[PDB]
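**Q** Below are the chains, spelled out letter by letter.
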Amino acid sequence: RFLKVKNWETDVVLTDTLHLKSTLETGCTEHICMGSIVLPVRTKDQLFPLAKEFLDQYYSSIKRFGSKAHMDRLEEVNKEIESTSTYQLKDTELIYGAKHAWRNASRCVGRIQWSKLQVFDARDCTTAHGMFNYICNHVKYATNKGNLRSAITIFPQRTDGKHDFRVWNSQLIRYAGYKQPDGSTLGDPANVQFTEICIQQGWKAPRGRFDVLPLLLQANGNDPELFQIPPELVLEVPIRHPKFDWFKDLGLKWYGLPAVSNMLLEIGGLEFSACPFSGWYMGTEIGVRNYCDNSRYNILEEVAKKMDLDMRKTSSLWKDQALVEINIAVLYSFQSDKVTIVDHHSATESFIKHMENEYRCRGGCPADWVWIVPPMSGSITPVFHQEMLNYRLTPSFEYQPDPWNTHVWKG
Amino acid sequence: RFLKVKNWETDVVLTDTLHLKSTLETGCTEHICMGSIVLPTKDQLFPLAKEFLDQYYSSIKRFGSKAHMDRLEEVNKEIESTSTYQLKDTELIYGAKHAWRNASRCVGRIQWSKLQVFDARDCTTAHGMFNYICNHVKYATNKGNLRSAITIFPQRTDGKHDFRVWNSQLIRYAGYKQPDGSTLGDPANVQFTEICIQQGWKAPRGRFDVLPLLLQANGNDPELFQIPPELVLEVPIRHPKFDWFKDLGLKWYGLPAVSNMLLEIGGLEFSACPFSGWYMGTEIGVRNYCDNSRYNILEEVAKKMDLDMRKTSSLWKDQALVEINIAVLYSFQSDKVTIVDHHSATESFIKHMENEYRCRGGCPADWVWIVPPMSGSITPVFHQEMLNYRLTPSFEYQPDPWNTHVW
Ligand code: HEM
Ligand code: HEM
Ligand SMILES: C[C@H](O)[C@H](O)[C@H]1CNc2nc(N)[nH]c(=O)c2N1
Ligand SMILES: C[C@H](O)[C@H](O)[C@H]1CNc2nc(N)[nH]c(=O)c2N1
Ligand SMILES: NCCN[C@@H]1CNC[C@@H]1Cc1cccc(N)n1
Ligand SMILES: NCCN[C@@H]1CNC[C@@H]1Cc1cccc(N)n1
Ligand SMILES: [Zn+2]
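Chains A and B, in that order, are what the protein sequence lines are. Heads up: the first sequence is residues 1 to 411, going by my numbering. Heads up: the second sequence is residues 1 to 407, going by my numbering.
Chain A with its partners taken away, still in its complex shape:
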């Protein structure tokens, strides 16, 4: 079967054959689309086929499908599973696996960069302190003094699901959120619950507006432990506006390294519950969402007052006007401090090229329109006008329940 996607701004049409290798479910039926819904220990039995599919892709990718090296590996993995109930990946496969999990991330607009990924093998890690060490090296390497580099650290895979390695933070770096008894919130509201957990665990919260949270790390299924990231390692950018001098007085700043740490990495059946990864920000993640979501820093009004926009009627589009300036400010600061960052125009255009390429050389590019289109100026970026097909391929990054909801404390 062939599927066509059309771009209504250029009439360009594309054919997807890749979806034919899609095994996982989407959440949608013939009678219902769930395209806008955010969140919709294996047996020997299911494991080998999953291992086999993966290794087949792997060997085809290196042009050795059906080779003796290939057949031997299948046999090797086969035996190991029957003997130990699981199996270890060779460095080449882990690496090849992680890049493809990224390459298959249908909600990621930055995928043109998928083949350039530094993979750190942290499978020999056994303790939280061990984890902390690994993470610091990742932050330092990835930050690279502002000239950011994509990277991922992969800790030991799940075994019996009782010895999981988990990074309790959602991102390696995030500001604390504190709930005041008066109902207002200090810091980033999105992190209040986790901050509470950190405090309860012994963290001495400075209680400011931009407190870098401590790392809460679980190793081998044990209770998590706290670590403070060396300050000198946390690159941060003060936010100012190129024409507005009062902007700097808003006291805004942001860290430079976006590093998602709560996702699970699935490769050839194996589950890597702790696999932090980082790239570099697209302007809008900070300027639109982080600052302007009503449930985040909500700086839209304060910025509007200072600009003195007509805030009596929404039809003045004061909210729209302020949003643009704020985003202009984020891009400006980052470029000025020489910290890697990309604007949504550049990013979406690049993605469109990446996408087309993917159809030509791979027969498709799974993409989630709801997430690929930026949270501002949607239709003046090329992706808006691009039809897409969303389906799931492995390797892949999956959501996993927050560890505090499932962890069996040992005390």
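Be a bit skeptical, because a hint or two may be false.
[What the hints assert, rightly or not] To give a feel for the contact side, a few chain A residues facing chain B, derived at Cβ under 8 Å:
(1) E25
(2) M34
(3) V288
(4) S315
(5) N327
(6) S379
[Unchecked claim] If you want the ones that stay clear, here's a sample from chain B, every Cβ over 12 Å from chain A, calculated:
(7) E91
(8) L146
(9) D221
(10) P236
[Said to hold, decoys possible] Restricting the straight-line Cα-Cα distance to at most 25 Å, the calculated cross-link-like pairs of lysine-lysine (DSS-like) are:
(11) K306(A) with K317(B)
(12) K313(A) with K351(B)
(13) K317(B) with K243(A)
(14) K241(B) with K305(A)
Since the hints were made in silico from the structure, they are not lab data. Ideal placement from N, C-alpha and C gives every residue a C-beta, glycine not left out.
Please build the complex by placing chain B with the ligands on the supplied structure of chain A, with the hints as guidance.
**A** Just chain B with the ligands now, kept in the frame of chain A:
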């Protein structure tokens, strides 16, 4: 069986049960989502009719009554006998209002029940059609205080006597391809504009030439007609700060009136059912004005603002976008022609969704289309999970008539 939708900005969760009555297909499978794709017999008819009437009677608290039963056999006999049937006025109105109610891609459905329905089923010719459309345009324009309406022409019989309005909207601007390789006017209508000429229209070859209606009756050949100029209310666009704005020479009509869709009620098909409401700002300012393939005026507005268009990171395109949309809302209000801004429009839709969940158990909604093409995440709907599915009565797309007309 019972699905929940969460608003990630307010944490509110709603339970949708209405989707279980869904009947048509979505285009998706459990393997692939097609949510961003723009266009994904007597034995057949009675069940469709039955489904409709039951819901009609259910709505008027008389489900399973004699009237219900009676009507049910009357239509039943008529279908067998006449191989089709006619709807009672009451059913027509209810049908239309509900087709709008079920339009998962329309952000303005909170207004659904306030719909003026014009029964144009006694129509027999293109002239009659032209007469009906003019009355509709006039009644809905209402000197600027817009009122929603739909005029329903005769239903389909054997596909060989279909009534069709060839335009995509009652009111649109022409598009001509110049030697310059460039395009004059609205590129979206380039082709339709040609078909007009190929039929006689005297294109004034202007930038904003209100096109002529091209009407088709009882399967006959489409005929041309020029809506009375005094009936097409227009708004010249000026910015409330940039006096130079007026020099781009921009104007837009006040009446958004989709004419190419197909209205389906109780199995019956109304192939010519033009309908209208009023614009949400972004429709003109963002899509019509800035879409690269439309009037594509961003670069121009950019130059006038003297913005550094050297690099994309200056967000010049974004700054222009906002102004171009401030001007639209501005001009319309100034001339007192009804118009809603995307913040107000989406906010109304959230409340509507909530009323629909608690008073109907759901609200089909298409996120990709509901979220405005600008400032997406600052509008509430961006944070609103939606369930998309198809309910009848409904408005469906249909092949342009020229790619199907046996002259
Ligand atoms: C090189 C810089 C990169 C850029 C500019 C980029 C951009 C983005 C953006 C804008 C999002 C959506 C943000 C949000 O709303 O949460 C995103 C999501 C995502 N990206 Fe990337 N990305 C990059 C690198 C990476 C890397 C290195 C990986 C993995 C190896 C990755 C994996 C994903 C995944 C899994 C998601 C969706 C996460 C979710 O479902 O919540 N990205 N990316
Ligand atoms: C009264 C104010 C109304 C507002 C603000 C409103 C707004 C909108 C908007 C923004 C769209 C998307 C338009 C596009 O991007 O092409 C839409 C689509 C639509 N609306 Fe409404 N609408 C209104 C009235 C109506 C009426 C009176 C009907 C029907 C009786 C209706 C039926 C639909 C349908 C069927 C679509 C989708 C058409 C398609 O698939 O292209 N709307 N509406
Ligand atoms: C409910 C809705 O799906 C939700 O707001 C989605 C929409 N699109 C998004 N797109 C991106 N990139 N990131 C997000 O967090 C979201 N949130
Ligand atoms: C390809 C994609 O489906 C297309 O660009 C959609 C996106 N969302 C839209 N939303 C609205 N309201 N109107 C449109 O025409 C579109 N176009
Ligand atoms: N809701 C998921 C949270 N994702 C957060 C939102 N902003 C950074 C991170 C995504 C991400 C991952 C990798 C690179 C990047 N630019 N962005
Ligand atoms: N491309 C499908 C046709 N959509 C066109 C785009 N703008 C007017 C009309 C939608 C529409 C119908 C009713 C009211 C409204 N504001 N908008
Ligand atoms: Zn879907």
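**Q** Minimum C-beta separation from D221(B) to chain A exceeding 12 Å: can you confirm that?
**A** Non-interface label on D221(B) holds, nearest chain A Cβ at 29 Å vs cutoff 12 Å.
**Q** Is the nearest Cβ of chain A still more than 12 Å from the Cβ of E91(B)?
**A** The claim stands: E91(B) keeps its Cβ more than 12 Å from every Cβ of chain A (closest is about 26 Å).
**Q** Within 25 Å, alpha carbon to alpha carbon, are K241(B) and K305(A)?
**A** holds (18 Å)
**Q** With 8 Å as the cut and Cβ atoms as the points, is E25(A) at the interface with chain B?
**A** At about 5 Å, which falls below the 8 Å cut-off, the nearest Cβ of chain B leaves the hint on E25(A) intact, so it holds.
**Q** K313(A) and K351(B) were given as a pair; does the straight-line alpha-carbon distance stay at or below 25 Å?
**A** holds (19 Å)
**Q** May I ask you to test the interface hint for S379(A) with respect to chain B, counting a Cβ-Cβ separation under 8 Å as satisfied?
**A** Check passed: Cβ of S379(A) comes within 3 Å of chain B, closer than 8 Å.
**Q** Measuring from the C-beta of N327(A) to each C-beta in chain B, is the shortest one below 8 Å?
**A** holds (6 Å)
**Q** Quick one, is the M34(A) hint okay against chain B at 8 Å, beta carbons?
**A** With a closest approach of 7 Å, the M34(A) hint holds.
**Q** Check the non-interface label on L146(B): least C-beta distance to chain A beyond 12 Å or not.
**A** Check passes; 16 Å lies beyond 12 Å.
**Q** Min Cβ distance, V288(A) to chain B: is it shorter than 8 Å?
**A** holds (6 Å)
**Q** What's the verdict on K317(B) and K243(A), does the C-alpha distance respect the 25 Å limit or exceed it?
**A** Satisfied, since the Cα-Cα distance of roughly 17 Å is no more than 25 Å.
**Q** Hey, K306(A) versus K317(B), does the alpha-carbon distance stay inside 25 Å?
**A** holds (23 Å)
Violated hints for the displayed structure: none, as all numbered hints are satisfied.
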